[PDB]
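Missing here: one protein chain of the complex. Every other protein chain is in place.
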Amino acid sequence: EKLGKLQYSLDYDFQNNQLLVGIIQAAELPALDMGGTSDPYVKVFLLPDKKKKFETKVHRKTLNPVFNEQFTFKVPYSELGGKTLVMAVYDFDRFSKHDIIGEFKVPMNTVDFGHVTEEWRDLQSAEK
Amino acid sequence: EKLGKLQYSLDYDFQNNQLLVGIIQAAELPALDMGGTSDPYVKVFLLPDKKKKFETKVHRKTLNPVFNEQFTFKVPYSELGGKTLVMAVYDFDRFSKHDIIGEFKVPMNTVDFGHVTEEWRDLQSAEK
Amino acid sequence: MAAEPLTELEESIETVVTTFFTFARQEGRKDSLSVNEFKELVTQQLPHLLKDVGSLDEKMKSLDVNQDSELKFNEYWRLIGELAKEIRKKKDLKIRXX
Amino acid sequence: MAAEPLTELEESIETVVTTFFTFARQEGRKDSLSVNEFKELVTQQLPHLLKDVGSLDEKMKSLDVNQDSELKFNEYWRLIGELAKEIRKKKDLXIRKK
Amino acid sequence: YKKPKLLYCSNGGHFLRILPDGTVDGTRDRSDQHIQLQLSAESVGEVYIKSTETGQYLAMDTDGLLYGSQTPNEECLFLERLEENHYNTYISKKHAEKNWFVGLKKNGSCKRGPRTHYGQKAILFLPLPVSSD
Partner (left out) sequence: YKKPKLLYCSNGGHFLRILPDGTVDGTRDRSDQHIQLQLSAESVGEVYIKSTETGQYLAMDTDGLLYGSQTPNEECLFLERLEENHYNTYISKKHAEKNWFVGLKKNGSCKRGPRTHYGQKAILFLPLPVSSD
């Protein structure tokens, strides 16, 4: 399963108790619409916790769009240990059944929020 | 440039002053004769020193022959430091101009003769 | 030591062969792609080259000369030609290309 | 002219083309294989895989078939095909067809 | 000392963390007791995966998707096989007919039945159970 790559820089807030999921952009995304492109938008979801749901701005016909949306991981740093965040990129062809071109996730407990977690996250077409 | 791989175990003699180049065999040797096989024989040569020349037993139509020939590196251990040995595998098709399917070499000075130098040497097709 | 690197040509046939194999074994027989199996290749790892994720039937008929509804290894392999062609060719008539 | 960003499988088709490109830019013209570019390629990069470096001329004639003797940017490519099947297909092609 | 049998696959820190809910993921942690199952050979070659003292019992969804929580349905019966690659293999006899044998996604979760044949290496699990040696 492959969804390309997504660059991001995640930082933590100890005042309001939220992690700042600042992604840069996604590169090399699968096509859905007829034309070799899609309307991929990242829908930030969470495990059982489910205490957060944000919809990014639809990116009409683009497999390498940039925007850098601000996702607020509503959950105390102390709680993050038991919360696995999941970033799924949803399409918005606007005709057929919008499919999940791909997604990515990481065990927050293993994400030592020392300062800022910046890295070139790999994207996978996990049909979940 | 690829010629396959050659396994060898080289030891040193401090009584007669010669290095024992005990090779095991060569694997994945290129073809030369019409069909799919060659008559590769390793011709042990030396740099300027040129104080040694041995011809192995021709191996008729074989790209993975075994024999384990004994090459006597005629040169004092103390002198080895300034002598780069070169092992070239020569073909013996017996019809066309015998070509050098490949060869390999290593800076003896960097070869710390602590006990025995055993390793899976990589073979390269030296167009020489 | 072990895990010796081969020639670039052995590398590249392997990487596509393993990918092929990770689709060939989906259903009955781990050599042949059946119809779904075949469509799964294009729809997943081929969104640009052959952006036609709807007329896979056309490709199938163009590929499976005997129309057994099995692209055997060598039959399937045809696609890789049309790919290796397209990357150069793509629409060298109108577009353009790039 | 040449390639900005590609994909995972596009790299591994590039790497072999890059071999092609640094062998065909020899006498004339990098866009076509010429016959002290071709023979040098078979004798160096395909001496083990293609166990017929002395009978290149036959392959050349079979490849070229417009017979302009520019092994063109897909005439040539066929060769990589023949090696690609060869690993599976020891000799067992035959065929004869006008 | 037959106890918490840890099992995972694919090179890289990732353990099968089972949850009563059913959504088991490859959590790369050993701090929270949720990555242990009671793996054992029930019948001649038939091994079962039940996270008794930590989670729940497994119950594959037609092999295609791997899950567990409600009941240890026959879907959870797998044939214990070993590969000469330092990995364990378990064939879901329940679907062996389709040559399907339990396969999980190290960075996704256990659910690759349509891809549980010879193609995905994730089928070669690496067990770290407390044997009785």
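To keep things simple, chains are lettered A, B, C, D and E as they appear, and every chain counts its residues starting from 1.
Going forward, a residue touches a chain if its C-beta (ideal position, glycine included) is under 8 Å from a C-beta of that chain, and two chains touch if they have at least 3 such contacts.
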Residue among D:12, D:19 or D:69 that touches the chain left out of view: D:19
Candidate in contact with the missing chain, chosen from B:1, B:11, B:55 or B:119: B:1
Residues in subunit D touching the chain absent from view: 18-19, 21-23, 25-26, 40
Absent-chain interface as seen on subunit B, which is shown: 1, 47-48, 81-82, 84, 105, 107, 109-110, 124, 126
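Going forward, only the chains that are shown with their structure count from here on.
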Centroid distance [mean C-alpha coordinates] between subunit D and subunit A, Å: 44
Junction residues of subunit A - those touching two or more other chains: 1-2
For subunit C, residues contacting two or more additional chains: 7, 45, 48
